[PDB]
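Chain residues, written in single-letter form:
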Amino acid sequence: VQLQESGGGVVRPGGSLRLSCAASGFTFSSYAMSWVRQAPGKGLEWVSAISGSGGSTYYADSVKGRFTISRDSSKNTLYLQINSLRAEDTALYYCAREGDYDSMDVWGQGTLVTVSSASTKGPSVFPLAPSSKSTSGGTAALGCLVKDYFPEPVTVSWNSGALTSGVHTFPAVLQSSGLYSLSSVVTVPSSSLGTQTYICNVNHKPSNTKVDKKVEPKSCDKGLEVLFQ
Amino acid sequence: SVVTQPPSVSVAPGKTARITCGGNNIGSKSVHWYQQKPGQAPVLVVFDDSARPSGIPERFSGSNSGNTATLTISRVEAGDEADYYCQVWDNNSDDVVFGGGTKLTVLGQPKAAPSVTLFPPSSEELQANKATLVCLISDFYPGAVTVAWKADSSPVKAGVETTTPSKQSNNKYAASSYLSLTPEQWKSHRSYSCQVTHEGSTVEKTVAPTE
Amino acid sequence: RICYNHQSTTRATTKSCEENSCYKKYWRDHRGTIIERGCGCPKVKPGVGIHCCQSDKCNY
Ligand code: NA
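Residue numbers (the numbering used here), protein chains in the order written: chain A, 656 to 884; chain B, 25 to 235; chain C, 3 to 62.
Be a bit skeptical, because a hint or two may be false.
Pair by pair, the computed Cβ-Cβ distance ranges are [to be verified]:
{"hint": "1", "chain 1": "B", "residue 1": "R76", "chain 2": "C", "residue 2": "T15", "range": "22 to 32 angstroms"}
{"hint": "2", "chain 1": "B", "residue 1": "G79", "chain 2": "A", "residue 2": "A742", "range": "32 to 42 angstroms"}
{"hint": "3", "chain 1": "B", "residue 1": "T28", "chain 2": "C", "residue 2": "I4", "range": "43 to 53 angstroms"}
{"hint": "4", "chain 1": "B", "residue 1": "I80", "chain 2": "C", "residue 2": "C54", "range": "41 to 51 angstroms"}
{"hint": "5", "chain 1": "A", "residue 1": "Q657", "chain 2": "B", "residue 2": "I80", "range": "35 to 45 angstroms"}
{"hint": "6", "chain 1": "B", "residue 1": "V227", "chain 2": "A", "residue 2": "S685", "range": "46 to 56 angstroms"}
{"hint": "7", "chain 1": "B", "residue 1": "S215", "chain 2": "A", "residue 2": "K877", "range": "43 to 53 angstroms"}
{"hint": "8", "chain 1": "A", "residue 1": "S874", "chain 2": "B", "residue 2": "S177", "range": "24 to 34 angstroms"}
{"hint": "9", "chain 1": "A", "residue 1": "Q657", "chain 2": "B", "residue 2": "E148", "range": "42 to 52 angstroms"}
{"hint": "10", "chain 1": "A", "residue 1": "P668", "chain 2": "B", "residue 2": "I80", "range": "18 to 28 angstroms"}
{"hint": "11", "chain 1": "A", "residue 1": "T850", "chain 2": "B", "residue 2": "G79", "range": "58 to 68 angstroms"}
{"hint": "12", "chain 1": "A", "residue 1": "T819", "chain 2": "B", "residue 2": "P233", "range": "26 to 36 angstroms"}
Note that these hints are calculated values from the structure, not bench results.
Ideal placement from N, C-alpha and C gives every residue a C-beta, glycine not left out.
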């Protein structure tokens, strides 16, 4: 028994997409089928189900009137037509075969839907500077904020791959702007801050952009202050 | 019907894990349980309260009565670490209700409270007419936290994004939370705070525009 | 004892039961009305249909 979803990708808010799920290894028309979605880092959300014959359809309130479930027994295929797409429709879309009491005994691997108005865009890279506020017990945290890029992914290194110990690069968040942001941090000795250079190396292959940002300790010298801060 | 699962449960290997699914008169409904490992589809482990699909270990057992359904995993093993979801069927409605999920941690290392570093908006970002507060949360275990933000003394929900905890190279967890402000909002409060809840302790870091 | 054990409206099949009642159980899921047949007289959830009978082949 297998299910394989397809049709996901990047789409604009107010746009339309058709998802497909190819079924095999069972008598397709004997089973109700469901679409269940999952936003990255979030829980399962049931979207829609359909009886064996297609004679009954069922929808979550959140999608009533924007989504249409259908099936074609000759092609052993389930569909989901998603219209008037919203930011909140960004998720991995699973098809599942139901059994007794709508238990879902077989799942596909899912197809990813990303709802964004964004075009390809390289990141802005801002320093997360160490001062007495990230210096706790002789060590200092410093990083890079990698803001407003599209699409995924970016990769980050430190001192051109020389610095690895204490390095953590976070997963990205899709902001309400339709753009991604992530951070990279390293913990270093406070005594190194005077003498060792720290550079984050950001690579965004989709836009053919790389950025090297030098991350320097905050100078609290009022004689060096600028006006738009 | 809202169904309530605890966000996280930690158990030592060999001990018994109990994951609950709470709802008014859930005992009158049928409850299924799913296991989801990261990067994988859910797997049905219990259906109709207490039945086990073939190939699921006997250590997985379900019960359901009153206002509580429970998935009980006896002799828990490292490989049982997963997110667990309950699903409620009702003969008299159509909708599929899932609980919010429970992260099961199988404890193979000591519990560790988070280090919290709160970065104010950089001079460069403020020059660009934007302001992000970055709350970096590090070296914690188990890998489950809640983050809340304050402007002075008041809670702030708008402009918050939080990542799912990620394993560090030293096998503890890290997470990140962002509060997106305008430069005006930044400079208009005396202070901002990031509050991190772990294992029912809260660590709060504060920054002030004027320091 | 001898009881039907076929699901919904699939082809009739029967089975030998060391119990004295048979059962027909029926409920609604996304497929529609579903029927289970077997040995015994089980408890069911409220709203679910259950017919238990003492004869043979009574749970048709
Ligand atoms: Na139902």
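For which of the previously enumerated hints does the structure constitute a violation, in increasing order of number? Violated hints (numbers, rising): 4, 5, 7 and 10; every other hint is consistent with the structure.
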